[PDB]
Each structure stands twice: as structure tokens, then as C-alpha cells.
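**Student:** What follows is each chain in one-letter form.
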Amino acid sequence: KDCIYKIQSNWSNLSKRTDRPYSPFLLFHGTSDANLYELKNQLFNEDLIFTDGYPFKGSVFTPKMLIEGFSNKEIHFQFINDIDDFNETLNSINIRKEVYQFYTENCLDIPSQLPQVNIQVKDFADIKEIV
Amino acid sequence: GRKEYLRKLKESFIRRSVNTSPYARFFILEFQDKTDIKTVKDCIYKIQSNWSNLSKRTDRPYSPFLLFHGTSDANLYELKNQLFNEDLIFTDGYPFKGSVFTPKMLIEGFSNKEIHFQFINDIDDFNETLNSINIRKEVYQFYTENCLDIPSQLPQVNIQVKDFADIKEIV
Amino acid sequence: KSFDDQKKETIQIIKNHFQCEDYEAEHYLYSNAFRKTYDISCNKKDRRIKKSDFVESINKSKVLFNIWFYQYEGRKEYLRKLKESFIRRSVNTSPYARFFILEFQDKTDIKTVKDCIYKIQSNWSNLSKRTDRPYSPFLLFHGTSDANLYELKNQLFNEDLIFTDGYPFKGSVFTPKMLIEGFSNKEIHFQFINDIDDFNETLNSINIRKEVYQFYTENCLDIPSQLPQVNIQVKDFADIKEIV
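Chains as they are written, first to last, in the numbering used here: chain A, 356 to 486; chain B, 2 to 172; chain C, 48 to 291.
Some clues are possibly wrong.
[Unchecked claim] Only some residues are given here: those of chain B computed to face chain A with a beta carbon under 10 Å:
no., residue
1, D34
2, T36
3, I38
4, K42
5, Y46
6, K81
7, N82
8, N86
9, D88
10, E115
Just so you know, these hints were derived from the structure itself, not from any lab.
Even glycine gets a Cβ: it sits at the ideal position worked out from N, Cα and C.
Using the sequences plus the hints, can you model the full thing?
**Tutor:** As C-alpha cells, then:
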């Protein structure tokens, strides 16, 4: 959460002055769904409102929520649950997409027509000061 | 060091002021076959973000002119089709299918805030739009192996790069 | 009998058989029934046919030409007679996606096409700066070479008739959404659909009510039936100007 708040504070500008808001997209891998939903619950409890393409229980993946939440000022960032949600979101975004990876041992596979960076940190603690 | 050649290429030819005047800036780039489609877009977006001021505050908007060469039209249109998908709206003097070259569309897009940059297909369209923009025109060349001929009555810079990757941090 | 005597008689059988309105029977079905009566009367060998398959021939979506309705009343009445029947105008023209499909052949001069396009664009668009829902007609041409079609497109752009075709740059794929934004664009006068492949992909991108106005001479394209269509057949392309 210290990394996510640092990601949200820098690479999101949701002030009322501008007319072009933007929010980052967050992806996590290599974890079980127990602590992934556990992290997801506290972020929403701390008024860091996000969208993951599942606006209700038992929903199919709806990337149109990720479309509007990117331009919404009251939605701070965007969560991506898994690989299949990430690839489907990529086709739904038509504007320019840059993907930044912060990994330790396992590297995700990323489609090659996107601008990618790959950063191998010592562990998760070193990610926050970079971002 | 290594970044010394980048500093020898950055502020000595493509120095940038914070209040640069609306000039007809031409950017000629070497799109050879070994260059990926994706890495050109990083240069196009860097050129558009720096050398265009399409904000609603100003009353003198300007947009850069982009020229590509060294490859066939298969990847030139494929690069052209991607840039329109990512809401980077441009014009090339061909507003409809089967059109003749209309340099007037390039003039209005230069002053248009909703048109981000201007595309030039080849040298024949480059020379035709050369006589259309009355205001001062500056041409910047970034190339690896071929240097094209620009008429000598324009301010030109010539920059030799190792590949297309180093052009973006120059601009 | 007399010309007037059988006029009120012949429409009466068709009126209760199909249970439609006056213009859908006297103007739409009775007009087509006169030609195919004459089409077998002027046949050299088979003059008398069975009429079992006649009643479905004339209920096509098309409105065929009637040369005998051209020669008797002249071009002033007949084109007005076609205009009042199927192209009933209102005071407030709603922002509908109107498609104007006109047959283009090499016997047609390039000048008289533009005056038909200028008539369609002026009568079927509201590009005012004050309207909240601007609309602009869609233009489709067929039957002609692409070299003659591009000459018409290039001439219209030089006369400050700005249009979009779904091809915003050279080598572009067809972008159907450009015509939708051009429908709501006050600085785009009309839309130029290039061919029939670009036509059917445009209906799938529009959700508002769509009307199709087809004006051919010899060949009429197959249009989906659920779309409201007006397929009027004319002699020459200059007659299309006086009906739209």
C-alpha cells in the first residue's frame, strides 16, 4: 500500500483545474487470491477508490469501467486482477499505453508492440522510492 | 563517458526554449527497415509533446511537421494507422480517399489545436508543402545512413545517430 | 376506357389486397403494375402470361420508372409527384442518419452530380453553430469507375464542401467512426461512402434512426429490409435534383 499510494500520488493527476485526468493501472502477479483480495479491501476502506472491471458480484470482466475510471477524477487508480484481464484491457484502451514492470525474480510476459520497462529490484521495498 | 555524445547532440542543435515561437518546424526521420514500429512512436510522441503548444491559453498554436523515408508504404501506413488509433490526430494533405495533395490542410492543421502534428508522405509532398507555408520554416534531420537533400534556403540541422533509439532523448 | 375512367378503378383492386395507404398503393404498387403489364404486352412472342407470379413482382422495395407517366404529365408534374409521395418533408427535420445512394454512370456529366450533391447537402443538413444536434447526409455512389469517383470527390473539396469518407489519411483502413463524428460535425458538410463494403459497416456503428434514399436508373443495390428505404427510379441523374 505504501507503493500503491506513491504510484497514485505521482502518476495520477485528478485535480479539478485540468480537463485531461489520468490514473495508473495496477497489476499484481505471483500471489494467491487470498492476500490479493485482502490488499484490495483495505485500499477501498482507506478511500483510495479504484475499479477492477467487476462493478458488482458475479460480474463478467467489464473493461468499460476501466475506460471511464481512467478519466474519472473520483477514481484514483485501476486494479487488474490477472493476465486475462490485462490483455483484454489493453485492447480496450485505444490511447497510448506504457507498461512499467517492477519485479524481483519472476518477470511477466508483455506484448511486444507496447513501450515496456523492466526493473529488477532487490525486493518490494526498493520500488517505492523509484516511483 | 557514454552520455557525453548525448549531451553533444542535445543542446547544441536541438536546444529548446520554454517560449519557442510558432515556426513551421520540419522533422525528417530515417525509418529504415530494421527499426521497429513501436520505437518510432516514442520519438513521435516526444517530438509532439515538446515542439507543439496546442494549449487553449495561447493564441499562436504550432505543430511539428514529420517526414519519413527509407522504407516501403507497408509499414509507413501501418505506423500511420496506429497513430490515429491512439488519439494523436494528424493530417497529411490527403483528407479523403483518392485525393490529390492538399497542402492547405497542412496549413490549417499547423494552427489547429485539435490536430497534434502533420505527416508528410514523401519528398514530393515535402517540396509542395515547402512553398505553401509562408512563415519561417526550420528543418531538423535525424538519420543513420541516408541523408536527403533539402533546399539550401532553409535553416537545416543534420544529426547522425547510431540508431533510432537515441533520437528521442535528443528531442 | 377513358384515361380518367380506369384510373379510379385500377387502384381499387390493389388497395384492399395489400391494405396499405394511398401513396403505398396508387404511387408504389399501381405505378409498378403498369410497366410489367406493358413489359409482357411488348414481348414479341409470349404476349399473354399467367398472372399468378405477377402480384409479388410489383411489391418490391423499389419504385420503378413509368415512361408513360413521364410522357403524359411532363417532368414538372412527375418529379413533383414523386417528391410529394415518398419524400414527405416536415417543418422540423429530425437528426436522422440519412443515406443517399445514387447510381453513377459514365453517361452522367460530373457537373450535374455536384448540383445534386449541393441540393442534397443543403436540404438534409443543419450545420448551424447554434444547434445542439447537427446532422449531415450520407452520400453513396456506385456503378462508376474509381477514377471518375475521385474526380467528383476532388472537385467538391476545392469548392469548400468539406466531407469525410472514413479515410482520414493516405493508406488508412476504413474507419466507420469518422462518419459518425462527421454526422455531428458542423464543419463537415456531408459524408462520402466509397462503396458498398463501406456502407454495411456504417449501419452497424449508428444507433439512431437511419433512412436510406436510393436514386438509381438501371441497377439498384440490395439494401437491408428493416431500414426505411425510398428506392426511386429515374431516367437521368438531373431528375434526382428535383425530387430530393
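**Student:** Against this structure, judge whether each hint is valid.
**Tutor:** Hint-by-hint comparison with the structure:
1. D34: violated, 17 Å
2. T36: Since chain A brings no Cβ nearer than about 14 Å to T36/B, farther than 10 Å, the hint is violated.
3. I38: holds, 7 Å
4. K42: holds, 8 Å
5. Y46: With Cβ-Cβ at 7 Å, under 10 Å, it holds.
6. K81: violated, 15 Å
7. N82: Not OK, violated: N82/B not within 10 Å of chain A, min 12 Å.
8. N86: It holds, given that the least Cβ distance between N86/B and chain A is near 6 Å, below 10 Å.
9. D88: Holds - the Cβ of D88/B comes within 10 Å of chain A, reaching about 5 Å at its closest.
10. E115: violated, 13 Å
Comparing the model with each earlier hint shows violations of hints 1, 2, 6, 7 and 10; every other hint is respected.
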